[PDB]
Every structure is written in C-alpha cells, then in structure tokens.
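The form deposited in one PDB entry is given below as one chain in structure tokens.
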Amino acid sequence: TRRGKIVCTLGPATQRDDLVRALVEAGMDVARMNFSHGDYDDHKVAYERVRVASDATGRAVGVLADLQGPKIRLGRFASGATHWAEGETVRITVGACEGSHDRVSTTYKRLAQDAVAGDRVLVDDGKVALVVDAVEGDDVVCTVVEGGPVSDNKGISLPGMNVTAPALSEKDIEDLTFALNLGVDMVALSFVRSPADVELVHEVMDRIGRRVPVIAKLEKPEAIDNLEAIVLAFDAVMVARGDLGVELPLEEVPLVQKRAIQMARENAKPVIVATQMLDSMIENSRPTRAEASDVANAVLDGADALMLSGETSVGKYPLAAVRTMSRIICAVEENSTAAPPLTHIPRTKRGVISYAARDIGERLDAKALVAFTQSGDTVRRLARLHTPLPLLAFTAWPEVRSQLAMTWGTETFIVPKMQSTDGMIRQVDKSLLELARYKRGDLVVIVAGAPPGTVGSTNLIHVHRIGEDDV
C-alpha cells in the first residue's frame, strides 16, 4: 500500500453527513483544522468526527490545528463579492466603512502609515494585483493592474513591505488554547519568520499545561533565510506554497520546496508539501497534467506528506481529490520508493542504528522493519531513508500513533509499556500475529533499546522470526 501520507483540510465541503468518515476510508492520514475560517462549534464537531472515524476504521488519523498567524485581510463587501477590473481605482482603508467595489477595509491598521506610492498589493495569493498611487489619510488609493474577482475577507500580501505584527495574535492564542484543550495532536504556525517563534508557541503550551509537536509553515522570505535553524527548532515543516509564491517570486518556489524537503529529511523532521497540488479539482473531477506532475514530483523529492486545501475544504470533489492524490502517489511508489540521498552519513546513535537496521532488513529480505519509539525519533530517522519494506513503529504512548500519521511510510502499534527488550519483542509478535498479513516464521528486523521507557536509549537490533525461539 501507499507509503507517502495525505493531509486534508476540513471545511464546508466536509461537513455534510459521513464525509469525514469517507475521507478516512479513502486514505486521509492527517486532518487539518484551519483556524482562518469557521467557529469553535465547527471545529469541535469536525474534531469529533475525525476521532470517531479513526476509532471506527482503525486507521490512525492525526489532527493538525493550523493557526492563522499575522494574516492581512480585506474586510467585507456589500454583496459579498465584487470584480476589480484592470484600470479601476480602488481604495483600501484602515478606517471603518461598508465595503463596496470602490472602497473596502483592511485588518492591517498600519497599511496607510507604511505604504508608499509604488508598493504592490496582491490579493488572494495573486489573483488580483494593485499598485499604490497615493495615501490620502486612512485610504490607500490603488490602481488595479491585474483584474479579477475579490470577495469578503480575502488575504492580501505586501511583498517587499516589512510587515509589523506579532507571530501569535490574541486570536491565535485563543485558538491555540482551544485546540490544545480540545485535544489536537499537532499545531502549525503560519508566517514563521524566526526559530524563536517556536518559543512563543511553547509559552502558551506550558501555561495551559500541554505540549504537542509544532510545525513551522514556510511562507516568508525570512523563513527561507533561516531555514536550517527553523527546521532544527520546530518539530516539522510545511512548504506553504500559496503564500510563499506571493511573498517570493513564484518562480523561486520549486527549488525552495526541494531544499526544504531535503533539509527536513537530513534532520529527521517531517515535511508536508501544501497548496494547489490538485487545485483544478476544486471544480473539476480530474486534475490537469501539471497537477499530476506536481504530486508525483513532490513524492520524488522525498516529502513525508502532501496536503489538500480547498480541494477538500470547499471544493466539489473532496473524495475524488483524495483518491486521485493517492493513485498518483502509489503509481510513483510502485516504480521506486527511492528518495534523494542524504548528504551526511548518520552520526547519532539512533541514526546509525536505524540506518544499519535498514541495511540488514533489505539484504536479508525481511518482511518488515520494526522500531520501538517513545518520542518518534528512532522511527523518523529510519523513515527518512525510505525503504520498500514496511516500517512498523511500536510505542506505549497513544499520541505517538497520531503524530506518526504524518511520517513517511509508517504505521504505528500501541502496546503496553514494557520492562525489558525481550518483552518488547514478545509484544511485536503478539501484535503482528493478529494481522492477516503476518504469520509465524516471518522474518523481521527489530530495533529497540534499554533502559526501557527511556527516550534515546535505542541500542539493539534483533533479527527475529515471528513466534520462533530465537531471543
């Protein structure tokens, strides 16, 4: 089956009866809750539907809370939408107004203070483009240079204007508190600029009394300048290509994507590739040739996971988008699971051992590689290598199963906390033998460590036949 993981975004198109369940059955590995839209009622109902579907199907499904961050947005228009045609003059004001075609509010109250004639304003990830002609009091008077539809609350980007805004707003802190209390498994922070942004997220977590893994969304030039330090400081990264391709020239995104995936893999951190991967499937039952190519290539690049956004959250074909994505991933994988080589030989005990375990398993034609992990680290150091063999994570901590839902090629088994590596190995046999897929005599390579129940203790590789007396 499929090795690469699929992240789907929930929203209006997944709220109908049984759709969340249908996404899980179709292969969704991680459900994204985007706090840019919806209210707390919405997110709670959707969270519950994911947990139910996961427990009903037996599939691991992680829940990712995506914080909106310092997003700049337009306000509302009188009819909900308008058309900004090339050549029209429009006013974006930092004051109060009822929006109309001619004049609309913005959430960024420093716009009129900071804008200068010549500044570019890109709406909705570049659908519409304006240029500032002047500032008159609270109004930024613009000419539409590239025309298109605009609608209530659309995002704007001010590339090459330094935005001043806190990494977490008050809304983000409330959303994060709600999400932590609700029980989500990971958190993604939009518009990360610095490795120190993770410290702000940790502050909230520690006050509330609950940490979960933090994903840095990469969608700002500062993020790319600080890429390595960000990969090191956060638990995972997302190539957030929508905003990244307005904040940077869109032609620079493909090589940035590949750099970011490679860096994540070298550091054994999960990487998600996001946004417009199957964009046309918002309206169409089949994707474009560029879209299938983009999905295939993100697999070949070495991504742990690929994300669907509007394709599942608002589109007409959410289930078909998941199925289509999965078909493309599998077609590539069937040819080969190889990723680009890592440029450093592993140095850490866990890396050295996971690398050796892969060697042994492949050369002896084992049926699976099995790794015990308390934090996920030992398994992540193996997963990033890619192997055509099944990779079976064993843990005692249920949250680790949901966290590993985003890690390449990995399925997780929850077992009791054991007091010995012999016990760990017995648990492997018990768990695997309950599956139709495994039988007595099957060769597996098991990575474990003593002292038991200690992060980082990984220190043994055992070649084992299931149920046989070889321990």
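Only the largest set of C-alpha atoms that superpose within 1.5 Å between the two forms is called the rigid core. Numbering follows the first chain given and starts at 1. What changes on going to the form deposited in another entry:
- Seen as two rigid parts moving between the two forms, the chain keeps residue 32 and residue 227 on one side of the split.
- Remark: the rigid domain rotation between the two forms, smaller part against larger, is 10°, computed from C-alpha superpositions.
Mind giving me the form deposited in another entry, seeing as the form deposited in one PDB entry was just shown?
Here we give the lone chain, stripped of any partners or molecules.
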C-alpha cells in the first residue's frame, strides 16, 4: 500500500453523513481543522466524526489544528461584497467603518503607518491586485491594477512590506485552548517568522498543561531566511504554498519547497506540502496534467505528506480528490521510493542505528522494519531515508500513533509498556501474527532500546524470525 501520507482539510463538503468516514476509508491520514473558518460547534462535531471513523476502521488518523495567525484582512462592506475593476480608486483605511466599494476597513492598524506609495496589495491569494498611490492620514489610497470581486473579511497581503504583529493573536490563543482541550494531536501556526515563535505556543500549552507537536507553516520570507533554525525549534514544517506564493514571488516557490523538504528530512522532522496540488478538482472530477505532475514531484522531492485544502473542504469531489491523490502517489512509489540522499553521515545514536537497521533489512530481504519509539524520533530517523520495506512503529503512547500519521511510510502499533527488550519483541510477534499478512518464520529487523520506557535509549537491533526461538 501507499507510503506517502495524505492530509485533508475538513469543511462544509465533509459535513454530511458518512463523508468523514469515507475519507478515512479512502486513505486520509491527517484531518486538518482550519480555524480561519467555522464555529467551535462545527469543529467539535467534525473532530468527533474523525475519532469515530479512525476507531471504527482501525486506521490511524491524526487531527491537526491550524491556527489563523496574524492574517491581515479587510473588514466588512455595506453590501457584503463588491467588484473592484481595473482602473478604480479604492481606499483601505485603518479607521473604523462599514466599508463600501470606495472605502473599506482593514484589521492591520499599522497599515497607514507602514505602507508607502508603490507598495503592492494582493487580495485573497492574488486575484485582485492594487498599487498604493498615497497615504492620506488614516487612508491608503490605491489603484486597482488587476480586477475582481472582493467580500467581507477577505485576506490581504503586502509583499516585501514588513508586518509587525504578535505570532499568536488573542483569537489564536483561544482557538489553541479550545483545540488542546478537545484532544487534537498536532497544532499548526500560520505565518511563522522566527524560531522564537514556538516559545509563545509552548507558553500557552504549559499554562493549559498539555503539549502537542507544533508545525511551523512556511509562508513568509523571514521564515525561509531562518529555515534551519525554525526546522530545529519546531517539530514539523508545512510548505504553505498559497500565501508563500504571494509573500514571495511565485516563481521562487518550487525551489523553496524542495529546500524545505530536504532540510526537514536532514533533521528528521515531518514535512507537509500544501495547497493547490489538485486545485481544479474543486469543480472537476479529474485534475490537470500540471496537478498530477505537482503531486508526483512532491513525492519525489521526499515529502512525508501532501495536503488537500479546498479540494476536500469546499469542493464537489472530496472523495475523488483523496483517491486521486492516492493513485498518483502509489504510481510513483511502485516505480521507486527513493528520496534525495542526505548530505551528511548520521551522528546521533538514533540516526546511526536507524540508518543501519535499514541497511540490514534491505540487504537480508527482511519482511519488515520495526522500530520502538516513545516520542517518535527513532522512527522519524528511519522514515526520512525511505525504503521499500514496511516500516512499523511500535509504541505504548497512543498519541504517538496519531502523531506518526504524518510521517512517511509508517504504520503504528500500540502495545503495553514493556519493562524488557525481550518483551518488546514478544509484543512484535503478537501484534504481527494477528495479521493475515505475517506468519511464523517471517524475518524482521527490530530496533529497540534499554533502559525501557526512556526517550532516546534506542540501542539495539535484532534480526528476528516471527515465532522462533532466537532472542
């Protein structure tokens, strides 16, 4: 089966009966909850449908809370919507108002103070484009250079302009709280610019007495300028291509993507590639050739996971989008699971041992590679390498199974907390023998460690035949 993992975003198109279920059945590995949209009741109901379907199918399904971050927006228009046509003069004010066609508010209150004649304003990820002509007191006077519909609270971007704003807004703090309490497995922060941003997220987590892995969304120049530091301070990264391709020139994105994936894999952190991978499937039952290409190349780049946004959240073919993404990933992997080699020899015990384990399993035509992990790390150091062999993570911490739902190639098995390595290995035999797929005599390579139940204690590789007396 498929190795590369699939992240799906939930929304109106996944709300009806049995749709969340059918997505899990079709292969969804992580469900994204977008806190830019919806009320807490919608998110509750959806969280529940994921848990049910996960538990009922037996498939792991992580739940990802995506926080809006310091997204700058327009306010409200008197009609709810207007049309901004090429050639029109429009004012965007930091003063309060119900907007109209001619004059509308924004949420960023430093706009008149930070925007200068010449600056470009892109709306809703680039559809509508303005150029700033002047700042008159509170108003930024602009000319529509590319026309289109604008509506209430649509997002805007000021490329190159330096935005001042806290990494977490008060809204994000409340959403993070709601999300932690409700049980989500991972958290994504929009618009990260600094490694220190993760500290503020942890500050909230600790007040509430609950940490989960934090994903840095990459969609700002500052973030790419600090890519290594952010990859190291955060637990995963998402190449967030939508905003990234307006905050940076869109022509720079393909290579940023590839550098971000390599850097994640060098440091054994998960990476998700997001946004418009199958955009046209919002309206159509089959994607474009660009889209099919984009997906396959994301796999070849070495992405742990690929994401669907409006394709599943608001589109007309949520299911077909997931199956389609899965067919493409599988076509590529059947040919080869190879990923770009690492540019360093492993130095950490867990890295070196997981790298050796891979060598061993492949060179002996082993039936699976198995690694025990308490925090996920030992598995992530193997996953990053890619291998055509099954990679089965074993753990006694349930949440790690959900967290590893976004790690390449990896199936997770929950087992009791064992106090010996012999016991870890008996647990492997038991879990595997319940599967039609494995039988006595099957050769596997097991990575484990003592002291048991200690993160990072990983220190042994054992070649084992299932059921046989060789331990």
